[PDB]
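K.L.:
Chain by chain, the residues run as shown.
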Amino acid sequence: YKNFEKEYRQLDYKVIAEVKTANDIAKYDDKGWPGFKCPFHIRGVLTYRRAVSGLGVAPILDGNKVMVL
Amino acid sequence: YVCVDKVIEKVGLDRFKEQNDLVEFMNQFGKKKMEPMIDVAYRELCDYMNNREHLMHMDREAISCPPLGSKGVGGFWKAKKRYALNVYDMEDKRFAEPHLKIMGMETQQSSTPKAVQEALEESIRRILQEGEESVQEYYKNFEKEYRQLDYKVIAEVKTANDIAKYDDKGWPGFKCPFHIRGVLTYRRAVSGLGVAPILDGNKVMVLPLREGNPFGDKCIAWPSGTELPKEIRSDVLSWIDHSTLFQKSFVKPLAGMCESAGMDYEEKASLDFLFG
Amino acid sequence: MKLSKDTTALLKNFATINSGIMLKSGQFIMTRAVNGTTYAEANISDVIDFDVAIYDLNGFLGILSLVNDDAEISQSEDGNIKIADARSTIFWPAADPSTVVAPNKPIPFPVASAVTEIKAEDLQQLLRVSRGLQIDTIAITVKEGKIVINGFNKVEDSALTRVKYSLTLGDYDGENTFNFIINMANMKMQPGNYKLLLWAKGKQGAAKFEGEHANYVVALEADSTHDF
Amino acid sequence: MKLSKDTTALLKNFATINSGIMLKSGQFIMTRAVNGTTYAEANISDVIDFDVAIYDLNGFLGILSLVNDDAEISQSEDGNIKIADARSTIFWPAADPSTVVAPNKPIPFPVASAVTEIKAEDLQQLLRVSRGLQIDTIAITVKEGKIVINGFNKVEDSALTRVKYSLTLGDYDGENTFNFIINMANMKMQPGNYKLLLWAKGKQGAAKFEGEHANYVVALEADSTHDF
Amino acid sequence: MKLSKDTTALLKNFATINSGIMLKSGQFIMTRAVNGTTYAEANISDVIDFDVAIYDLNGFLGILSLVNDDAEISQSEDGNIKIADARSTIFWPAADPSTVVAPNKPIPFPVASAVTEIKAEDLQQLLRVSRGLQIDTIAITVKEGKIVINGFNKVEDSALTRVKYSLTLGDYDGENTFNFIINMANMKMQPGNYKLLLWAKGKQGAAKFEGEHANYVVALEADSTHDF
DNA sequence: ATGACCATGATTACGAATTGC
DNA sequence: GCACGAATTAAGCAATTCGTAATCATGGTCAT
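Residue numbers (the numbering used here), protein chains in the order written: chain A, 1 to 69; chain B, 1001 to 1276; chain C, 2001 to 2228; chain D, 3001 to 3228; chain E, 4001 to 4228.
If you are wondering where the hints come from, they were derived from the structure by calculation, not from laboratory data.
One should not assume that every hint holds.
As the list claims (entries may be wrong) - In silico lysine-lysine, DSBU-like type, Cα no more than 30 Å apart, as pairs:
| hint | chain 1 | residue 1 | chain 2 | residue 2 |
| --- | --- | --- | --- | --- |
| 1 | B | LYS1169 | B | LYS1078 |
| 2 | E | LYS4195 | C | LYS2082 |
| 3 | C | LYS2195 | C | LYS2146 |
| 4 | B | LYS1203 | B | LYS1175 |
| 5 | B | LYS1252 | A | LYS31 |
| 6 | D | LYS3188 | B | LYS1169 |
| 7 | C | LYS2154 | B | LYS1152 |
| 8 | C | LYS2143 | D | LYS3188 |
| 9 | A | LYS2 | E | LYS4195 |
Stated by the list, open to error - Residues of chain D clear of chain E, computed beta-carbon distances all greater than 10 Å:
| hint | residue |
| --- | --- |
| 10 | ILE3048 |
| 11 | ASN3104 |
| 12 | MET3184 |
| 13 | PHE3228 |
As the list claims (entries may be wrong) - Not the full set, but computed from the structure, chain C residues with beta-carbon under 10 Å of chain B:
| hint | residue |
| --- | --- |
| 14 | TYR2039 |
| 15 | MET2187 |
| 16 | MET2189 |
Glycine residues also receive a C-beta, built at the ideal position from the N, C-alpha and C atoms.
Please put together the full structure from these sequences, using the hints given.
P.N.:
See below:
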């Protein structure tokens, strides 16, 4: 446990990232903001989508390797 | 619907003489200026994908404008497809009087009494056409008048099922529903008085009670349409006078509209004018 | 800086008006409610070294009162506040200046339309009956020729029909008749003598309770009616 | 009408007995439980000049406690309760007598099957130990020529076997064999040397409680056994 | 039993440490925490003639408070606890010794690797400010030749590196630098002058707080870095 | 002086909704 | 969906997230 805690922070964030499937990218949220009860992953999905408005990156496609942090 | 307030501000409100001048300006502005722009900007669509021919039309279906000189908002949105507009001209038909046009508001839902909906629609008419003082004074006038109607029409109705799940000698149970608590208290009130018992599956009309009522509970329930016994009729009327229930019926929608209308109904007086 | 017990008591009373306050460097301490219904001012012998945006005034004063009186309060290296006793120190965080709602400018309360005086026990009795009679509204009025106080329960009587409580404030000299309506929730005075300065204009107005330690400024409800 | 500290304290005890109360003109004041298990009577030091029905007694007690004793209590212009001193004035509505429950007449309690004396300190010790030990039942009996009181909780001891308290009242002279069961949800008194007069014939009886200024009556449980 | 007021306070402290205690015969008492992270003992001035296990103490303390200090407590004939005052007799249930968590023999504290003297006011100030500064552990260590205590919130710093509140004790004459750590939840001592005795060999370690009344032993943690 | 009582966070539990196997 | 048709397999929930209440520790102020 102590060794794993030691090496947990220093490693790359992708190999600890909880990567999941984006199923309902628009069913729960009202308008960008997670309007109704929002799944843990969908809140992060909309967070990143609203973070990159005009940043020139391809927005999320459903089923992508979206990782929730 | 496109907001055209900027052009009206640019030309000037004071130069007009009657509201008909305002509507006539807003009318001919679309035809002289907007309509040819619509035609050219859709012909550019026809050219973009080199389609066959241009067939789209677009004319001023409705012009919304506040009454001339009045403080009135003159129309406001609330969310996707819930607006309100003091429409003055629909399909090139001048209206001698303002024509109210609303959709999606909470003014037509069946769960509220007819007086509640009429008051909501009058508040809409004020907040659109009349000024703030109008909506302010009407709120308190309807607050005074609102308790001066029958108790049964105001009170809502719910369906009670599985009473035995949520009863312990009449007291509330685990997450006891409002109707269940009310009906249990009612059964405790008139036990053995000969009235028809209230069982599951029957649609029952329910209203709360103020704190400190002699029944010991903040609810009451009895079969809908039916009239409760006269002996408990007096106090239940006296112990619900000027209740807060209409905050759950009329004040909440009124706030939901007025907040989006850039106004507040009950004047929140403070020291802000001293700070500046 | 150096903080004395009377200043701490004044600060604790001010904490009920708003959770957080801003101690701008100087001698004039002053705050306002989060909703702007009331404002408070005071002048204390101790001066303030620098502006700090203390958030939990209750917690800050609670931890402060547990150490010696002559504890020294100064800026820590990270921007927080350091309070050092003769043998120990405590590091209390200082929040961002923005998150604390503070009055940008001290209010120069001008000359009032009417003046009067209230004794220390009157406020105690008034607050106690409001706690007991569930009084929701206080009305400063003139009855019989004397300036008097009336108590109401808006929760039930929205038209202030039943005068649940009455108090004869004192003598009136003038012809202006008024009903100043004030809330109980915004009445956060501390016990003692007070000097009431009342002013009305249009639909609004103010009342200032001047005291020997701190002064308060309170607004009037819409039901207040003035007649000059 | 005027009231004193002792009168207000015993009125507070009466409020613990019942929420509402009746005030007959004079000195002699009655109250009884809603179910009527217990009754209480007091002769106030003052004199009552009107008959009134009171619903919320505790609020009245708080008001009369916080106000000066020189304040006068009388009937308001609308037939309600008006409490006015030289400074303030408080209006409290009087409830309809139908809604409240009052005793029909005092119970003379002519005969006393058993007579005993209980000290204030022993009574308070019993009260506190019963609160600590969760005792809701007292059995008063005589063993070996000694009047004793035993604590019992019928929830856990319906057979009345497990004894948690032994309160020896004193010495008994006689061959009468009595055991009376009383439930804690009724009696409420101020600490004072007190007299107890038990009586029970067949299935009907009561216990009168004599104090230096006030008296009570408690209906004995039917399960009490009596051989007189 | 003849339990003095000081003895009652000591067993109140033990009750805070552990709900159930055993009164071994003599003039000595001891206990340990339910999870076994804290030990305590006391050389009381009252004699004990037999062993008895009690599940709850706060109620027992209240019952002892109701009666005089001179009441005699012994083993009841029905396998319970009998308390006899000048008038009153009290029955208390007896628990099985195996059903109560308690140590076997008194702790022999090893040689104090470090010695410090924590004053009453400083320790009590630390305890009061613990809740204010939401601290959950404290590190006693060496800084510029002084033995000091620094409070750390484990929730917002798992590495225990963010100072929030620091208090000094006195000069340390040694080069054995170390950074101990103590869980604040185990600080359950009566406010007074105590002696800080630190022992640590390799992984094993402990601390002892000897007051003029009793003695406590708190367990160190594996995160403590010590070297002598 | 000391807890009493009321108000305010922690903690637990369960209905309700939804998707995951 | 007209006009049936001729053959037929996914079950029932484990788990999370949220809201609202219910109960429980804990502090502020008060009669004492």
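K.L.:
All hints, please: hold or fail.
P.N.:
Outcome of the hint check:
no., hint, result
1, B:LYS1169 - B:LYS1078, "46 Å, violated"
2, E:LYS4195 - C:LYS2082, "28 Å, holds"
3, C:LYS2195 - C:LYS2146, "17 Å, holds"
4, B:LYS1203 - B:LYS1175, "20 Å, holds"
5, B:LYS1252 - A:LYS31, "22 Å, holds"
6, D:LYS3188 - B:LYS1169, "27 Å, holds"
7, C:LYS2154 - B:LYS1152, "24 Å, holds"
8, C:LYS2143 - D:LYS3188, "45 Å, violated"
9, A:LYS2 - E:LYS4195, "34 Å, violated"
10, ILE3048, "39 Å, holds"
11, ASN3104, "40 Å, holds"
12, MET3184, "16 Å, holds"
13, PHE3228, "28 Å, holds"
14, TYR2039, "6 Å, holds"
15, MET2187, "15 Å, violated"
16, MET2189, "16 Å, violated"
Comparing the model with each numbered hint stated earlier shows that hints 1, 8, 9, 15, 16 do not hold.
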